[PDB]
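Chemist: Listed below, chain by chain, are the residues.
Protein chains: 4
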Amino acid sequence: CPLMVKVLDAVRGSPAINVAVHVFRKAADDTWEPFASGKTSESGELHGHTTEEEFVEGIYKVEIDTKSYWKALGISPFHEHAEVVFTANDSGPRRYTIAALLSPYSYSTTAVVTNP
Amino acid sequence: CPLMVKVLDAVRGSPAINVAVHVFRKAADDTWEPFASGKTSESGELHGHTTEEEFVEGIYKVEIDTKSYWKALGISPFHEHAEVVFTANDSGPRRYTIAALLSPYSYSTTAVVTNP
Amino acid sequence: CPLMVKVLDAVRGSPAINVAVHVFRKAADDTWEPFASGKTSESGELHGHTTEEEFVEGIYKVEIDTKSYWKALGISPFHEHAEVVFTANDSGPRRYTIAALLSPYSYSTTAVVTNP
Amino acid sequence: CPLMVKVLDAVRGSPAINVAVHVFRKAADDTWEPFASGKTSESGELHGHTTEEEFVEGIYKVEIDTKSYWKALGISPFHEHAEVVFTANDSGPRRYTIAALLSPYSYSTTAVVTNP
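Residue numbers (PDB author numbering), protein chains in the order written: chain A, 10 to 125; chain B, 10 to 125; chain B', 10 to 125; chain A', 10 to 125. A prime marks a further copy of an entry chain.
Because the hints were derived from the structure by calculation, they are not lab data.
A hint or two may mislead.
Just so you know, same-sequence chains aren't split out, so a pair can sit in one copy or run between any two.
Once the Cα atoms are required to be at most 30 Å apart in a straight line, the calculated DSBU-like pairs of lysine-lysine come out as [what the hints assert, rightly or not]:
(1) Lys-35 - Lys-70
(2) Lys-15 - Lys-80
(3) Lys-80 - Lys-48
(4) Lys-70 - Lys-15
(5) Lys-15 - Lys-35
(6) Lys-35 - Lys-76
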């Protein structure tokens, strides 16, 4: 799976488990088309069964449901979710790891792109 | 102004100047209505000329045109833009500063929420 | 003051107030001589009452007492403190802002370096 | 190896390879005693042959030679190095992953602590 998402909790110093993640790809008509979704595992990693074949060039959006994550822990956070929008595979197939680091009023997101 | 945006550049160690920023209010019909927009100043700040009265409770989106910023500096960026979505003024009007620190393959965002 | 420190709290969405900060100059004998110190203000800033003349080129260390800050808020922290080491004024006197954004298990630091 | 260090480059969106890392443990007399050192691999991960046995409770320091990393890529960075100081194993053995994300004028460091 050439698209991996990893989410960490900066308050607890742990993977952020059970976090809902939705992935969309921008379609010809400018709308977001559903692409993949899942929940993070005990390692904070998203369970993607995406193939290299269907992962074509385009603009992708990864939406991480951070608000429900914090709410379940009793915390009322600032952000509704964390969104990451990026062009993928514009110069050939790559493997992408989108990392998100979560705090109640702050998040950071980083991408590592490798050419296998 | 109850809603300020500040953008910093982690590569140059400076404010991010002349970056386009668009703010939207979510409308009843889950659609994003324009709310404020501009280019960041030499201090990396976006004016915000909105008043407390029009800045009612609701879900706001702040969209930062990070891709144009990096292209103008000649560095290849990962993200299409940086989008921050949050609920404002629940528990009453505060001053919000949305701060964003930019790198080509990473960004972080934090809210500094202060009660006057 | 050519050297300012600003500290933000990612959990509360606010400046980090009353945080101890110590600044040192490296001495010829690779030893850290005290240079400035204080507690951050309500805006999360450390006064810095040093003058341009005493703020000569050299390697400076900024030590932020993050562990006491988190203990005062009742949250278990990871780090003993946050230490930023940098060379200043090579290429001439600038204004330096060392900004630090704190979470219990994570911190980031950035320099906003501006030429007057 | 219950102590792992992973370093990423936020300019290139890649692991930071060949980065020197030194690890110290605070000794009885208050001085830093050398504990481990190495260079990051092609995955940005540090090659530690540390055992659970020798990794006792104490205060550890991880020093990452960020300046040499940037210099080798032609960039003159702000920081001399990135230091992470923390108490380990104070409540029993844990596995620690220290992650550092590097930009020329900024870095962030995060810890994930797991109980195996």
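Chemist: Could you work out which earlier hints the structure fails to respect and list their numbers in ascending sequence?
Modeler: Of the numbered hints, all hold.
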